[PDB]
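Peer 1: What follows is the residue order along each chain.
2 protein chains.
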Amino acid sequence: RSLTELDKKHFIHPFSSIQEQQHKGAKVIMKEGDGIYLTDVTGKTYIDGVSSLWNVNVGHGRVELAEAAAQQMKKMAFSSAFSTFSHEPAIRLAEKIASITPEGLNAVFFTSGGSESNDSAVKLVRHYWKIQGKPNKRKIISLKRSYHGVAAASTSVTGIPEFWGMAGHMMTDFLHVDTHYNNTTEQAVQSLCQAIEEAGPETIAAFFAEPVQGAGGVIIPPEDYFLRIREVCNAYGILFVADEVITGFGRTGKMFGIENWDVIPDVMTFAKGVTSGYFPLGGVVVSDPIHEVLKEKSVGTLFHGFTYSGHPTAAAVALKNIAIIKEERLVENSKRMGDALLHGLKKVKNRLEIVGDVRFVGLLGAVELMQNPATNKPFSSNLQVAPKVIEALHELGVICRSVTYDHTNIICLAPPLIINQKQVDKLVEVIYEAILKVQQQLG
Amino acid sequence: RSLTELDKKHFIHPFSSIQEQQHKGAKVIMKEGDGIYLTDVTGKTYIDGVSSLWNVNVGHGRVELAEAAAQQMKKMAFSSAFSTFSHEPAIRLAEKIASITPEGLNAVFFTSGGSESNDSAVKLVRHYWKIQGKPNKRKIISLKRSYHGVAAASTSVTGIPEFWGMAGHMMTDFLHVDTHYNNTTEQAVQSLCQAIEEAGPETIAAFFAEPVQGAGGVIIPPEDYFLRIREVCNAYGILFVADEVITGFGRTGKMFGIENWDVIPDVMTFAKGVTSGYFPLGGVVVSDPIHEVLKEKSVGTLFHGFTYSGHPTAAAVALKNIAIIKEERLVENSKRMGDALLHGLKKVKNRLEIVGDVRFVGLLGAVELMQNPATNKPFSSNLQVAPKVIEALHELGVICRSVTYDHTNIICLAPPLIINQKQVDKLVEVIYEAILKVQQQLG
Ligand SMILES: Cc1ncc(COP(=O)(O)O)c(C=O)c1O
Ligand SMILES: Cc1ncc(COP(=O)(O)O)c(C=O)c1O
Ligand SMILES: [Cl-]
Ligand SMILES: [Cl-]
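Protein sequences appear in the order of chains D and A. Those letters in the first sequence? Residues 7 to 449, per the numbering used here, in order. Those letters in the second sequence? Residues 7 to 449, per the numbering used here, in order.
Because the hints were derived from the structure by calculation, they are not lab data. Among the clues, some could well be false.
Repeated chains share a single entry, so a pair holds when one copy, or any two copies, can fit it.
Straight-line Cα separation of at most 35 Å, DSBU-like style, residue types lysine-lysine; simulated pairs [stated by the list, open to error]: (1) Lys353 / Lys50; (2) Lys150 / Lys140; (3) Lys102 / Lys30; (4) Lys136 / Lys33; (5) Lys37 / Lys301; (6) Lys37 / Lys332.
With the rest of the complex left out, here is chain D:
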């Protein structure tokens, strides 16, 4: 009660309705986490159905991660990486990331989050073309329904228009093309080609894509989509940036999302699950040719970086986090439990009247709600079906998040990679019960 009033007075939340906060107070005040579970201050326990924010990949309560952070903080919590200063944790983490990326992605620039990483990637690809002598190759192409963060550049690279309306556009040379959502590869790829030709490939620096569009509703591309993308980018001399902020570190049943489509990007950004959210960290990995151009032509000080780039404690936590993912076979577990969740939720679809698509790639998936799945009739937006299911799930002990941009009704699912079959079974049953409740309240 005191915590609720203090929150209202003093804490302006990210991605929260301030008017809701003032009227109702915090929806929930979390206190403790353990494995896939979170407990609030009233003692009620929940399954953390999207891993908090698609990031607590190894689960809550990891004594080993706490110990790895405490050991480095006693030893040397922070040291500068500026002016070529370095330290062993960042070096070892960079070497480790290079050992687990796609072939040729061996050089890492560190940050503290996903927005920082994507803003850095925009600046790095523009820097790359400028030192190449092509200062006109400047524009960033990205997808509708994409989400790339909300620092000033990534706010406009983000393809969901709600994010532009908070402050307006601050960036300039950005272009949004059609997504593969409910589209063929040829349609999506031709939209990219048409925009490239309207703009002229000599003005374009890079194409950014999430392997699986996360905030857009877990949009999983056709099997040939990124093969084409990679061929188009090659043909026009455009850099392909893969945004692995959600899909990285085992989330889709591969170490990185893009491996599902057998394509190597020029650049990759990451954050979130690299530390299972225990410590803010992100970064940008670049290909060998790009690193070589940097070495040859990036003269003097590289005028970009963050105080906390390469933070030794972040790096110590990330190293232990990656070792856990390897030792517990969490990449493989993510693929098998994603299959198990998809199989179960398909059965649930057949028990209900209002479930449309059910899709997963590893432990990254989604359940669409529709007035008539067989004809693909959606609910009108004013019924707010997916948010109602979120609320019913919440009351039944499951935290999920919904996506309704542009008249969709999508329940997102992405539990921690440690989840087991017993737990998948209960999660599926609760999802059934919550959709059934809303299905019933709708007459």
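Knowing the structure of chain D, use the given hints to seat chain A with the ligands on it.
Peer 2: The following block gives chain A with the ligands in isolation, referenced to the frame of chain D:
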């Protein structure tokens, strides 16, 4: 030796010359820190003369900060603050920050760093005017020689042109006016007025200033400067944003830098010393009227925020960090040891031939080098005097940083707030010996 080669191959550093890295390897590889000291992998020990990056304010090796992080990471390392979800650490930290800011600055938006904070502040002031019905009040005014970070907006708000040349300008509605460096208050304030009138106050959202320009060379404004600034901002209906990223949390001998000038900003950003760099954290504090406008007119979800906004572990570390600053009287110690360092370095000035200005406000200060201090003749830039002093300091066991933008030669000084008088004495003597060595090599 293996660490040096791995660093070259895999780690692209912030604000480092990649070509230097490839040719010479990391200048230093740090291993351990304790209090004001750092030790590298060869066993050589250094005084951390700028607190690593103006941020390790309570010193290295704090077992209490390690323990505070480990306790929260075992309990609940991360939980979302989106959708009005909350948790006790962020609530308590927000309440704590509100207890120590200038009067009326009671509501906090959290981030993970200084660039994130300033990009958020740009977006928040633009949001504020848009919901006020003035979508044209958009432009951000800032100072030459300022540094506000290098996310996409803060890259252009930053007033030092080197930062623009890495990727070019990405932002649009920015304006740079003359700094108070070697200037009168009336000159600096009239430059601000002239630009406001050329642009028209109806197009201007905000004026950003560091209380003390840090990366610009520790530029300390005249005593009346911010009084005038605050009157000009009031007169034109412009928001005054104080960038406390360096000057916050005791650095200048006050809790916040702006208190030295008896002025309350509309908005304040912070990072760095809030956790003494033990855990990435930053934020934006807004005045009561602004919070009230948000409450009344910021409809629906606030479409801004970072995954790690309000990170529970960051907040637990920051709380203990602030309690240390209070219990060890570090704000007062910073003022007294700044006075002691200024007094000592003035004596050193009189023993040497090439020291110009010596200035401090608390433990934030600078020592200028000049060919002829009495007539104010500078060294030509091609002599690189200040960087040579940096190197000589380094070899004598002191890490400082230099500022040479626009033909200056400035040694920056900002040791952790725990430094004691014995330590100030040794630091002063080493500074004397290093400037004397370069003074001598220059014939
Ligand atoms: C795909 C993607 N990229 C970037 C971001 C931004 O990351 P952060 O919130 O750490 O700045 C997000 C956050 O959800 C994301 O989902
Ligand atoms: C005054 C000021 N503002 C902002 C920043 C950027 O902070 P960060 O490096 O955490 O993004 C800096 C960093 O030195 C700074 O000195
Ligand atoms: Cl392990
Ligand atoms: Cl204490």
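Peer 1: Hints first: check each against the structure and report whether it holds.
Peer 2: Results for each hint:
| no. | hint | result |
| --- | --- | --- |
| 1 | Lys353 / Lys50 | within (29 Å within a copy, 65 Å between copies) |
| 2 | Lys150 / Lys140 | both (27 Å within a copy, 28 Å between copies) |
| 3 | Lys102 / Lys30 | between (45 Å within a copy, 23 Å between copies) |
| 4 | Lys136 / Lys33 | between (48 Å within a copy, 27 Å between copies) |
| 5 | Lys37 / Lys301 | between (48 Å within a copy, 27 Å between copies) |
| 6 | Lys37 / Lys332 | both (29 Å within a copy, 27 Å between copies) |
Hint compliance for this structure: every hint is met.
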